[PDB]
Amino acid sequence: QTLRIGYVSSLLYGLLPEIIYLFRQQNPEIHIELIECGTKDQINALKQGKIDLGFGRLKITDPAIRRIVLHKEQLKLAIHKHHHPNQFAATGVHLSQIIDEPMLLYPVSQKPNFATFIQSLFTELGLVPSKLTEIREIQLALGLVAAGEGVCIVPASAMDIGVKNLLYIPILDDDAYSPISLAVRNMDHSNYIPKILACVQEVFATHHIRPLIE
């Protein structure tokens, strides 16, 4: 049997690869195909049987799809380490403090996506970012911050991406988090679902994190 798992790349800096690695060692018989797939696109891919599991980073719902929320990652503002030493405290900023700053969004894809999500955080607060640029993928955006192209809001795990000379400052607003979720077809009764969820639990426990399931 072949298990097709959709994922977004920003999740590769967190616990997901560990989870897949553990699943694989526990289930060596199963052939695993990892497939890069945007969060919205995972819905249709699941429906059409092109993937069996979808790991995504923003909330999208569908009646045919069960969304299993694993964890909420706090958002951070990535800045060049010498950018605004006084007005951007290391203890954190509110989104209201950064509307004047050149801001990098990601990815470049058909919307809705993480770029529209981040924009919505401002919109629901009645804030308007003054300059937005859409960048292909998160790692590029962080590279461009270091090169002097402004600021970029990222999930906590992106703090470890190896771009030099950055600081990652907490975003203080309540709604500023990215949910890590696992999507599956509602009428899929395969044993790989409880098996992968068991692996999620083992890895989270290893790291002293309680997942939002159980």
Given for the second form:
2 protein chains.
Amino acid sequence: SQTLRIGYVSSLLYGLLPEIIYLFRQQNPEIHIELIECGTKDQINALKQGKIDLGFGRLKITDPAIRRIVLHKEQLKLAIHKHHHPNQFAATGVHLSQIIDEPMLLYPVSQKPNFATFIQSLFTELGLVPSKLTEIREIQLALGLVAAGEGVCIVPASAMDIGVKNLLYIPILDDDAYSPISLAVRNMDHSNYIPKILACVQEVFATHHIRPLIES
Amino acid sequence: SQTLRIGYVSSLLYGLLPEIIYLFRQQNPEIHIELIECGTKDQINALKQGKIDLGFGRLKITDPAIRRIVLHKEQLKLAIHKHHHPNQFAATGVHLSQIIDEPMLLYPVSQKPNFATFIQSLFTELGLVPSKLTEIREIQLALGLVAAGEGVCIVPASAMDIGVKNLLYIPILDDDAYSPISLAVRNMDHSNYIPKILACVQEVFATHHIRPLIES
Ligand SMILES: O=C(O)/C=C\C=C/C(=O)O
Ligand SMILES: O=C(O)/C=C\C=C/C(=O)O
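For comparison with the form deposited without ligand CCU, please write out the form solved in complex with ligand CCU.
Next comes the full complex, this chain leading.
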């Protein structure tokens, strides 16, 4: 009769999160899990109100009532159509300064701060201004539009395996070009699903030769 | 100043549609294209009201005011977690009769008829009743949930390359196990974007050794 509600952002479906949940379900078959689509910002209130218990997000949205556990620093990639700027965009990587006059697809469409405002700030903190920004509802749609020819899109590396054809995923060479994956929990939540889900995290990361940023 | 509004269902982003739009955009750079997320049923009214001009769908939803142009018959696959029923579900394929007591994920959540009711009817027309059905918002989410361990999901073959890890895509051996991709247009629409988009279709299909069901 125990129900664990887990908030997640869409891009995490293409990474190791499904494996983490699968392992948790195997180890804890009595626990009913609800996977709930929820942005990192929206997870704050969702956690505070008891509407979710765990929140897997990608922004450093701090709150005294919330504990953030940083799991992994994922590198960012510029998604482009494979015939776009064969010479200007090297497969070895681009700096953000090179793509300022490209129509950029941001995502998702949601309460802010979110991944769109995060990607914007990467340009901003370098003194750069993208020429055109369009916010798209979800990551896979933004990638579909890149392939349809509506520009470029910065995504986490795990998005490389989203099944949209004819894209290249090019390294972003600037130092701040990472998206941290984190688990948010209520600060005074002492339920054992937290240490349990974290052990699943470390096990799955270990399988993939990833060292969690946090030691168990 | 000409704007072509194109309705599409999500799964088509992992197929040849983005290429078709990209080719059309190259050939017709003056035409502004809006890609609009829209179910096959909802496309009927959208086309009738002039809110879209072209509708790429996956159901035979007929209407006297709408012309349906069937492009491709795509085979269906059962998405499973790679460790689920190693013996019972052969990689060579399953019949729908074999999976009736599996929790099934349907998609999307939308106005009906839709892909969920379509998948249901495949069981129904064989006298079969799935033991549990849960409707999920979108295809990639249903696939994420399969990998998280919430059951199985019938998808078109092109969904095989959606980047969710640890899934197998198993043939469905029953005869009716296909999802037709079609273009819907207003019956009395004589705009040249129709013959133009169809020529793009045939060109892209040709590149991929696919013969359109309709000859140009
Ligand atoms: O907006 C956020 O809070 C972060 C990520 C959103 C979507 C994704 O990663 O798919
Ligand atoms: O519901 C429909 O009209 C057909 C397909 C829906 C979604 C998809 O293919 O992703």
